[PDB]
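Just need the whole structure built from these sequences, with the hints factored in.
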Amino acid sequence: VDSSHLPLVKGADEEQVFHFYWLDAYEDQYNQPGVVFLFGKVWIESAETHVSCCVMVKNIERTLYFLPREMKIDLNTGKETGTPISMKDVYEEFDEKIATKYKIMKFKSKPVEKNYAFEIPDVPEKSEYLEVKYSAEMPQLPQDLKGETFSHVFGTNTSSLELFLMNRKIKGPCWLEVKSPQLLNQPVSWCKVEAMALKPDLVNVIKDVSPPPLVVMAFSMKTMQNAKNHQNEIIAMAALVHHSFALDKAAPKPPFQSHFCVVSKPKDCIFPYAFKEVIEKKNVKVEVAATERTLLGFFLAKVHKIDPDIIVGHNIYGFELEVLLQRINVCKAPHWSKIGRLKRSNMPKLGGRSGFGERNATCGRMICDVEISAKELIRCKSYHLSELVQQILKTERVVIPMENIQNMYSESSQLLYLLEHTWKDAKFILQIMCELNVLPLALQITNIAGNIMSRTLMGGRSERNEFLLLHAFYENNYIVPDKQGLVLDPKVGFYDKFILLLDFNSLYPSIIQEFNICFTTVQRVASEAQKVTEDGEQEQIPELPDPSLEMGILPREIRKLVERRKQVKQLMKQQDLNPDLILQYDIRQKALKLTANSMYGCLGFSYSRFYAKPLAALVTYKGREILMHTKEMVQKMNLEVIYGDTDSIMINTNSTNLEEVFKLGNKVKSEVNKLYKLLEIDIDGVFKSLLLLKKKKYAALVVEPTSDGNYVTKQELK
Amino acid sequence: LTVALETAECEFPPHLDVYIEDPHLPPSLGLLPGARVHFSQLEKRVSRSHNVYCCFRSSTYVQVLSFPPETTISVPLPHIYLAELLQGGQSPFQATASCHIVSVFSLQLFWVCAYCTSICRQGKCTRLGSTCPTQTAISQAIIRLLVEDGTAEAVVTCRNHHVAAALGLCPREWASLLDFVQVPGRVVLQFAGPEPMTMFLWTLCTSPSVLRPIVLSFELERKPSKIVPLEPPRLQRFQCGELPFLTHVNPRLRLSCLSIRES
Amino acid sequence: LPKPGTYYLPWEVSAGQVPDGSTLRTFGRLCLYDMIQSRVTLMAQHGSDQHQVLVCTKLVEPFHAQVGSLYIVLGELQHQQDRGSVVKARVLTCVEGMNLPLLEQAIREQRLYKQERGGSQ
Amino acid sequence: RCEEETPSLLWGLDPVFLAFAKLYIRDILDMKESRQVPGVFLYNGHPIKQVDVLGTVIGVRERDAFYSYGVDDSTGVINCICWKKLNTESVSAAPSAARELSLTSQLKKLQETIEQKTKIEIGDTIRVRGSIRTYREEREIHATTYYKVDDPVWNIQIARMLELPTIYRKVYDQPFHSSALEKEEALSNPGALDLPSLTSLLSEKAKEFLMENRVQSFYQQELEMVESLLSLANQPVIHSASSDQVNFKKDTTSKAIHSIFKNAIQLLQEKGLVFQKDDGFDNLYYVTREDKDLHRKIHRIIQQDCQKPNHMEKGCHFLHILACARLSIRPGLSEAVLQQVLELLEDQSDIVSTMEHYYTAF
DNA sequence: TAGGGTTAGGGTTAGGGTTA
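If you're matching them up, the sequences are chains F, A, C and B in order.
Here the first sequence stands for residues 324 to 807, 842 to 1075, numbered as in the deposited numbering.
Here the second sequence stands for residues 931 to 1124, 1136 to 1204, numbered as in the deposited numbering.
Take 3 as the starting number for the third sequence in the deposited numbering and just add one per residue.
Take 7 as the starting number for the fourth sequence in the deposited numbering and just add one per residue.
If you are wondering where the hints come from, they were derived from the structure by calculation, not from laboratory data.
Hints are supplied without guarantee of correctness; some may be wrong.
To give an idea of the chain A side of the interface with chain B (calculated C-beta under 10 Å), a few residues [to be verified]:
{"hint": "1", "residue": "997"}
{"hint": "2", "residue": "998"}
{"hint": "3", "residue": "1008"}
{"hint": "4", "residue": "1028"}
{"hint": "5", "residue": "1110"}
{"hint": "6", "residue": "1140"}
{"hint": "7", "residue": "1148"}
{"hint": "8", "residue": "1175"}
SDA-like mimics (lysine to any residue), calculated; alpha carbons at most 20 Å apart, straight line [what the hints assert, rightly or not]:
{"hint": "9", "chain 1": "F", "residue 1": "625", "chain 2": "B", "residue 2": "361"}
{"hint": "10", "chain 1": "B", "residue 1": "28", "chain 2": "B", "residue 2": "47"}
{"hint": "11", "chain 1": "F", "residue 1": "437", "chain 2": "F", "residue 2": "802"}
{"hint": "12", "chain 1": "B", "residue 1": "123", "chain 2": "B", "residue 2": "68"}
{"hint": "13", "chain 1": "F", "residue 1": "628", "chain 2": "B", "residue 2": "301"}
{"hint": "14", "chain 1": "F", "residue 1": "666", "chain 2": "F", "residue 2": "652"}
{"hint": "15", "chain 1": "B", "residue 1": "115", "chain 2": "A", "residue 2": "1104"}
{"hint": "16", "chain 1": "F", "residue 1": "950", "chain 2": "F", "residue 2": "802"}
{"hint": "17", "chain 1": "F", "residue 1": "551", "chain 2": "A", "residue 2": "1017"}
{"hint": "18", "chain 1": "F", "residue 1": "655", "chain 2": "A", "residue 2": "1171"}
{"hint": "19", "chain 1": "A", "residue 1": "1054", "chain 2": "F", "residue 2": "764"}
{"hint": "20", "chain 1": "B", "residue 1": "90", "chain 2": "B", "residue 2": "132"}
{"hint": "21", "chain 1": "B", "residue 1": "320", "chain 2": "F", "residue 2": "550"}
{"hint": "22", "chain 1": "B", "residue 1": "114", "chain 2": "A", "residue 2": "1104"}
{"hint": "23", "chain 1": "F", "residue 1": "599", "chain 2": "B", "residue 2": "360"}
{"hint": "24", "chain 1": "B", "residue 1": "298", "chain 2": "B", "residue 2": "218"}
{"hint": "25", "chain 1": "F", "residue 1": "747", "chain 2": "F", "residue 2": "607"}
{"hint": "26", "chain 1": "F", "residue 1": "806", "chain 2": "F", "residue 2": "475"}
{"hint": "27", "chain 1": "F", "residue 1": "888", "chain 2": "F", "residue 2": "977"}
{"hint": "28", "chain 1": "B", "residue 1": "176", "chain 2": "A", "residue 2": "1017"}
{"hint": "29", "chain 1": "B", "residue 1": "213", "chain 2": "B", "residue 2": "340"}
{"hint": "30", "chain 1": "B", "residue 1": "176", "chain 2": "A", "residue 2": "1078"}
Beta carbons: idealized from backbone N, C-alpha and C, even for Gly.
Below, the structure written as structure tokens:
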């Protein structure tokens, strides 16, 4: 593969342009401000496959939104000078003060208009602002900058990557068209193809081709803790290799093509006699690592030659990532950057409690953790790997303490057994992840949200919701700010007869839809419960926004999601389709339902950038009101409620026949929907004989009816 | 042979090791400590850890200049502040300074085998019998302080009895503590960086009973013979007024302990 | 917050070379403890000259007395009509064995350095 | 002139930034602050973040969770703040063996010693370590640590107030540090001041220009006819040092430029970037980085373990590898060139180094 | 073929304006 030419693809505009599916984005403002790195895959006709390509864009101009004042205000005496405000006056003041004291040479200004409906005060609802475009080379203006004509400026410290991607309306990994290609004299990455892009306007969004296959690598290791200084170390490698894993269907078979292993020895013990002879007799493709530096170099070289894209493992971020980094640093392994894709030497400071440096160093590739995926997918008894295998594969997993490890080095066959155990563990984890199909689900979630692919893998629902809100508000010409439960006590009793349990669906989204809860449609003029100063035990919750008002912004998107879910559930009922299409529909709906769930958590979580306490307080008040209304109207029908929680409520039945339970549940569903059409309840389960013991504990024989009208009593305790 | 140079170019000569193998050269007469000798045409090689030393070859001539003095006299180490080591003008590598302890990083105590140096247990080795013909245990201790004199900051490492001297404990207390810790076998306190003993040491290490003004006689940790200029300034995010800011910083000095006394 | 305490050797304050109401800290050797009237007369030698300073003690009772010992007194000075100069004690500690010449040279050197730094402004 | 404070990006280069400085209390009262970063203070070009004071306590006040202390050091008075560390969840002992009973007794002794040491009354001697904070338009000293000093003879205070002026006169009343040198950023146009420095500067520029074109074979006159290289070489200092002939001023200037270019070329040669060949050409050199055949040969010989037996330890040392490469291909091979070849081979993930100067295959 | 293990490590924040 010659590096002096770029595999440009000719298009309808008779221009040899570059088409690629971007995957990862990187930036470094402290070293090369205004520089954005993009990673992706580009098809090669000569090799009849796709290879990694590097495209980097320079010449990024900052965007500012000055907030003008309606009246002139002196900056030294704080009094009005008696003159009005005009755009020319603002520009002249800016030129003679801001550029003079901040050394600003190049600047582009033009009066613009935007919309503001956030929680930040001292901002008019609608005004004619000014957009100042300048490079990042000059120092950034202070975030709290105030002038005679302008009281604030917006977008002071917004990331260049965000503005770059948002100015082109990009929704996650997608096909792109790259014009005006420039060759690179000195390659800076390990990718096969590197490109030099000069202007941000040379990209257009293409969504007409399915993404190409990627590389998924699964691996694990063994760790030994030194007794003298508690310095952990890594013993053996094991990994399973797949080359062309699909990203648009179920798990292909076979899920792997090859596997390799390498093991070493500690600083005291020695290898068993004739280990090379034993390997030759066994004929197993296992390498012997002479030293820890040797194994590290071999592992990194194998990774670089393979050049993977998706890496997976167990608790990698928690322990394995920093253990590997510490081992690399201590052993002084040359060219540590080969794990990622960029050639770097200044590794970020490890040991960060938040782990920011850990994710920063891992740029260029996709990293997935099985623990977070399992937590966000289903509910399990425990997060331990053996428990997951029991819940899925029903296979015993051996945990070997150091007592057996120390004498494990006695015979070669014992090491063969240990490495076989490690390889089996890797294969089991690979099977567990492939049957789960977490990666296609994450890809669909990213496509729906349009945010960064990598950030989804860490379970950052707040970030994806924030980016979705950013897309929605930018599509509506808005300015965003910068970045830094009731328990019910019903009638007390114990009932050993049948207990019917139900749970509402999307209580908070239903509340938002019914009452049009949105930033642009909710005011903050009340004295109800939440937002007032400390003057007594009385504060302010916003009242119900008027339904006759213009329908809100975020309810529009959640209604669009509901419509798409309804279309999907209408589509799946049709027969004679490929099973992979059915799986795609199911994962798509499930992604939609998780997005609907995360809609509430967008503002529920305290750390939200657009956190709005009044909206959360209103949501809680409406939920409590709905809960009390539902409980009262249910109990008016001579149906005592034994317990309820927000939206999951079970009603005492004191019956035995299952048909009566089903009919009563259907009647309850018919009754509850009358007041709220958008809010509906579902059969969560039926208990044959429920017994109550203490808080968060219950004993019941769960009802699992068959198609013959009968039921099977299965016991569940917690 | 450990020799110290002497030249007019630098008034602080660096130390140097001269290795004389004996497959063909028994030592010549006159080589004694405290005697000035002259050398010529030695073979230089670079160690694995980037050290400089001279090998003694067949093309080497040795000439003795002066005899050792009849009595051995000593000169106290010069007194200096810790700041002058960061200025490239004729800085010494052995000196004494008046400083004050800030905090600790870690503390380690050992009971190793007399032969294989493995961790002992109640007077027996982990690999006893296989590689141990006798039963004897010897204690070791490692500490890592962080001192300050008034114009700089450096990290100091002590070994053996120097940690006991630095903790301000009488020998009876040290012996009692070593006997008490002799039974478990090992105690590692990663008190900083990346059982009643734990709380006792945690209480002791963070009290003014140890953080006292001390007089330190320190030796530069990086041996003067070693050469490795590879240090560009780093960058971190010190913040004081609830407002982070970024600034470059020099690498931290590394020292070694020779003698610690109170004041 | 009070005003700081500047050092002053006994013979200067004995001659009244400080403004009234100033805060000073000096030294000397006790000679008599007038019990009823709460008055302390300490003395300090200077060659063939002996100087006397009167110390009110109304703010440090209870207070043990060590006859014929050195002392350090910190407070404010009030020029009385007939009694002359008396210092209002705020803290009064006892120090023994500390040599005077080191102290005198110490304040002399500190004053010299302060004046030297005062030569640039 | 408006005295500009040193930029915040160079504060850490000072050795004082991380230290506990000793100051007169009047100085810490009267010394100014910094606008770009509030919370830190600037004095005579030396930023200060931590201070250490000693004196006699003359004011005591207590609050809900923090103490108060007014210290005096014969020249001024400042407030002090000492937080009350929470001794929550007092540890309860157990009736273990005699060793644990003795250890608990020692723990109680240590606790009572600390409690006695930290008790403060009016008229004692206190030592304070910490930083500077401004609250309610007044200055205070937060305390990271503090303890009472027992000086019944006034030795430590006399020593302190004798030692401090020496510290000022030797460290504090000095212009500034020496970091990032001065003018070392570029060389203030290629003119510079030292002719060997001019040759050194020309060396990397010529190397970079050769790299940009990916030159495999070059002649010295081909580099000398380059206008940019001449302009970099043609400096006021080099013209003064090129006074060797008068009748041939142009010729002798060309000779001096040829000499400096050859000096840069041999400087590159000593780095192993370019080697030499015996082809009858004086000014012909080849860049070692692009010798693909040499890289393949070295990779093959390393795979064959440089003719070393397989049964011994895999890989070879630098010296044996150098000897094998010299004998197998060219007696004129230079050692820096082979070092560069080995480094480049390691870059392409061709071999692995178990440790320094010892490389093995896979 | 000559040093030991080579590891970078603490790097926040806390509140006045009061008596029997």
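> Tell me, which hint numbers fail for this structure?
Replying inline: Hints 1, 2, 3, 16, 17, 19 and 21 contradicted; others consistent.
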